[PDB]
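Visitor: Spelled out, the chains give:
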Amino acid sequence: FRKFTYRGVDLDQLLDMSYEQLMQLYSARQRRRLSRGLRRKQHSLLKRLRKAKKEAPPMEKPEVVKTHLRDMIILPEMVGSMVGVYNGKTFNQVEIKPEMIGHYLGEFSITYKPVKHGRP
Amino acid sequence: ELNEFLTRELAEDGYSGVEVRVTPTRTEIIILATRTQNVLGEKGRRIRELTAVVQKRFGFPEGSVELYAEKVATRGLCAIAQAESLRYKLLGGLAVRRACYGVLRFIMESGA
Amino acid sequence: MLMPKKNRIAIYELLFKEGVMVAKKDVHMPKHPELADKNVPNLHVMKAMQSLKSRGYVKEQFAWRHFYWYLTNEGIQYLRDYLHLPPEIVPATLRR
Amino acid sequence: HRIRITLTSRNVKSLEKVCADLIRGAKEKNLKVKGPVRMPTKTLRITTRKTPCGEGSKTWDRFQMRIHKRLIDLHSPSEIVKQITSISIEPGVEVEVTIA
Amino acid sequence: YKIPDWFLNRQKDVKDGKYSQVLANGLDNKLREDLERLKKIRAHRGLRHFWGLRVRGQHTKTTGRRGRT
Amino acid sequence: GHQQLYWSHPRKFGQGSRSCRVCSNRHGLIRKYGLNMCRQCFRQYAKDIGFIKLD
Amino acid sequence: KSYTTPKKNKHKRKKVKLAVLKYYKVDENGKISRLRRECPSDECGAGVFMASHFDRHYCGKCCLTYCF
RNA sequence: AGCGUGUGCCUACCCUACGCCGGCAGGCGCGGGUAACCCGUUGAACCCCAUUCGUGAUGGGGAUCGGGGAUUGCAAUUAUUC
RNA sequence: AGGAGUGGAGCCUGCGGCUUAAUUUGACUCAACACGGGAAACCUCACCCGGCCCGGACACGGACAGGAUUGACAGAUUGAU
Numbered sequence: 012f013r014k015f016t017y018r019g020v021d022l023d024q025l026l027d028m029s030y031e032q033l034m035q036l037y038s039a040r041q042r043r044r045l046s047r048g049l050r051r052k053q054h055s056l057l058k059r060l061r062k063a064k065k066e067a068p069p070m071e072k073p074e075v076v077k078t079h080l081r082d083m084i085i086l087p088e089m090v091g092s093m094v095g096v097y098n099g100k101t102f103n104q105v106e107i108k109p110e111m112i113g114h115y116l117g118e119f120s121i122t123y124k125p126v127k128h129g130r131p
Numbered sequence: 020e021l022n023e024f025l026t027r028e029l030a031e032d033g034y035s036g037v038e039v040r041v042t043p044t045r046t047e048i049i050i051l052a053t054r055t056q057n058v059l060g061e062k063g064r065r066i067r068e069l070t071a072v073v074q075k076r077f078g079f080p081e082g083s084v085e086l087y088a089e090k091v092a093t094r095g096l097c098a099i100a101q102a103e104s105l106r107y108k109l110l111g112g113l114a115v116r117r118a119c120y121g122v123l124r125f126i127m128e129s130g131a
Numbered sequence: 001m002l003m004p005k006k007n008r009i010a011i012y013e014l015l016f017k018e019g020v021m022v023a024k025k026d027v028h029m030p031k032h033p034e035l036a037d038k039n040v041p042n043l044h045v046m047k048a049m050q051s052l053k054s055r056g057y058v059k060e061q062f063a064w065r066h067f068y069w070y071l072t073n074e075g076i077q078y079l080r081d082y083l084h085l086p087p088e089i090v091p092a093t094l095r096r
Numbered sequence: 018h019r020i021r022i023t024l025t026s027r028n029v030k031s032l033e034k035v036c037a038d039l040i041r042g043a044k045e046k047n048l049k050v051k052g053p054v055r056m057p058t059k060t061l062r063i064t065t066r067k068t069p070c071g072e073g074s075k076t077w078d079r080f081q082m083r084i085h086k087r088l089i090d091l092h093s094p095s096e097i098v099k100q101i102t103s104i105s106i107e108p109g110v111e112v113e114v115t116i117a
Numbered sequence: 077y078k079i080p081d082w083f084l085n086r087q088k089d090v091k092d093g094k095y096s097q098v099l100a101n102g103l104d105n106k107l108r109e110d111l112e113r114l115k116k117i118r119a120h121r122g123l124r125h126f127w128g129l130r131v132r133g134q135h136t137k138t139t140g141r142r143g144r145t
Numbered sequence: 002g003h004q005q006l007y008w009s010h011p012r013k014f015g016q017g018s019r020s021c022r023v024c025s026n027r028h029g030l031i032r033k034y035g036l037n038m039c040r041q042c043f044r045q046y047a048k049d050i051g052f053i054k055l056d
Numbered sequence: 083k084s085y086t087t088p089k090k091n092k093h094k095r096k097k098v099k100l101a102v103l104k105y106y107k108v109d110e111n112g113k114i115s116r117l118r119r120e121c122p123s124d125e126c127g128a129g130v131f132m133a134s135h136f137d138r139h140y141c142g143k144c145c146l147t148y149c150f
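Protein chains in written order, with PDB author numbering: chain Q, 12 to 131; chain E, 20 to 131; chain L, 1 to 96; chain V, 18 to 117; chain T, 77 to 145; chain e, 2 to 56; chain g, 83 to 150.
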């Protein structure tokens, strides 16, 4: 029932932000990630990945576009999206919640299995 | 690297070693072998090809490298030449004890 | 080996200008240092002179990481009737 | 002119012999010459394991490379310096001449 | 009272976004809701905190024997 | 895009950007004084370079 | 190695029968007509030509793709 | 204090005095050294002197864990390092 | 005769075991176990899940200048423009 927020600003305001102050709203590692340079060297995948986020169906649940990139900064442009991220074997489908901004897709997809021991 | 290159190439003529002597604006590398008539080839073809490959590999100015080949006396007192001779005698097909006795008798006939 | 015709020719008049050829065994290198005026990698040189070795016109030697090739008289004659040469030009390794 | 001649080599006996030859030439040419200044030597130590694999007692090798350097000053024009340095040079000794 | 902002144990909080030093029961409440938020978003850190293992990324083959019997 | 993806991974650093100048093995490199060999090739070729055992 | 999954194939390239004679049109009079487009770049002056697609015209190597 | 090391081959990546900004981690202009020449008279630690502490799992010990800020690198989440 | 200790406490690292798509592997008393100069985020990499190129020389027979063959932009498909 409560209204969701991230450093006090709202979701509509978070969509209506630019990257220059998104550095200061983000944390230290995420500001360095945005401030490294132009995203072209290894990040044409990141560019066209946000184009794939921008590509939208009609009023249903969005289609699950799947990735191989585990080091993505969660952006306000992809709130309420579905993505199946690679963990080595399968693609872990996940809802991008509006509490996750400032994280990585490699955190919500566990790579190893939970270990259940037996006998020596 | 130079000594390795010549001990791979000149395994037939009894290679021993190199001697690189430095001169103002000149480098020359003395080659001591056994068959000094065979290292040169016909009208010095092979020595010219060796100068050319050294100049093109080691990054030297053109015309600054001149190789010289000379023969050494007392072939039985060189360990590398007798080892190469025993290798050639075993590779052509011979008894190993026969070749070892022959090369040892040659070495002690050379005055060791 | 897919290879442009101009690179084959240019390698051949380099091989006939001076009767030796050297190359380092690496395939991920963009341009040959001696042919910096044009554009050809080391892979073309390695595979072309490997083909010419297999047809039997050069020697072969590997010291540390570099190649060493030496022309023979059948290789000389093959380059003389491949490059359309009148009988008056010889590589410098044969003359004094 | 302030002419400095630097000699750097690896052997010590041939270095001392060629330094004695140069100072003998400077003494017989009757000009002011500084003495053979002996810089402190430098050692190049490379310590490595003896075995190629990881089996055996932990034994290590100790390699060294001693480098000896001398410098002798002269008061003469340049042609005398070249004609006295290009006489009876040793193969294992480097000679290197500059002018300040 | 002229205390600089880098002397605080809770700088740039994830909910309200202001520098505020928190005290004992507030510290326990903030840590509890932070772990609850991590478990709700189901991150790797929240999953390791829920399981009760080492979360900072260190070797657990030998150290940490008194976790269970 | 094989011409662009053949060597697209950067090799400006790391131990795969270095290699021995004799056998080209990326293990146990000697980067002191620019020998750039492995330890076994250094022990093989140490005597004729000028390194001797005295200590 | 024959596996239970289906095996892919390289693209075989379809063979055209005398395509250059389809570019130049020869009528009964003394004139020559150019059906498809030409090349405007400085690398290829008048030599290579463009593709006859349904919604664009693609250059052979200069990549001057003009879409309608 | 004494052993050392220091601008590299295709090979890009050195050691740093001085001045300013910031608690600090760090950032920017300027110069030196291919070296008994510059870092550097290598103002190192343990020690010495003087306060605070007082036998208390304590100002011992710093494991575990949360938040923030910098640097390297194309990329750090399974926390690179600080 | 002694000194510092270790073995008990927390932590780093290596090995066995268990788990796992994979948790690559050699070494098991001295003479295996901060050993392979092995302080692996990518390369290392030799293990697993997926996709590109031939870097299959040379000889023989087909094949072919009326085309043996190389490369690619609109859009879908993964993972990759």
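Check each hint, because a few of them may be wrong.
[Unchecked claim] Below, computed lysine to any residue pairings styled on SDA-like, alpha-carbon distance capped at 25 angstroms: (1) T:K94 with Q:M34; (2) L:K24 with E:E85; (3) V:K99 with E:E85; (4) L:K24 with e:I53; (5) T:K94 with Q:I121; (6) V:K34 with E:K75; (7) Q:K14 with T:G122; (8) V:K30 with e:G17; (9) Q:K64 with T:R118; (10) T:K91 with Q:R18; (11) E:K108 with L:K31; (12) e:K48 with V:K99; (13) L:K31 with e:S25.
Hint data in this document are derived by calculation from the structure and do not stem from the laboratory.
Visitor: Determine for every hint whether it applies to the structure shown.
Guide: We went through each hint and held it up to the structure:
1. T:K94 with Q:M34: holds, 16 angstroms
2. L:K24 with E:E85: Holds, at about 23 angstroms.
3. V:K99 with E:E85: holds, 24 angstroms
4. L:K24 with e:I53: Violated. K24 (chain L) to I53 (chain e) sits at ~31 angstroms, over the 25 angstroms cutoff.
5. T:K94 with Q:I121: violated, 32 angstroms
6. V:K34 with E:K75: Roughly 36 angstroms separates the two Cα atoms, so the pair is violated.
7. Q:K14 with T:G122: holds, 22 angstroms
8. V:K30 with e:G17: Outside the cut-off at roughly 44 angstroms; violated.
9. Q:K64 with T:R118: OK: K64 (chain Q) and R118 (chain T) at ~22 angstroms, within 25 angstroms.
10. T:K91 with Q:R18: holds, 5 angstroms
11. E:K108 with L:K31: Violated, at roughly 45 angstroms.
12. e:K48 with V:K99: violated, 34 angstroms
13. L:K31 with e:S25: holds, 21 angstroms
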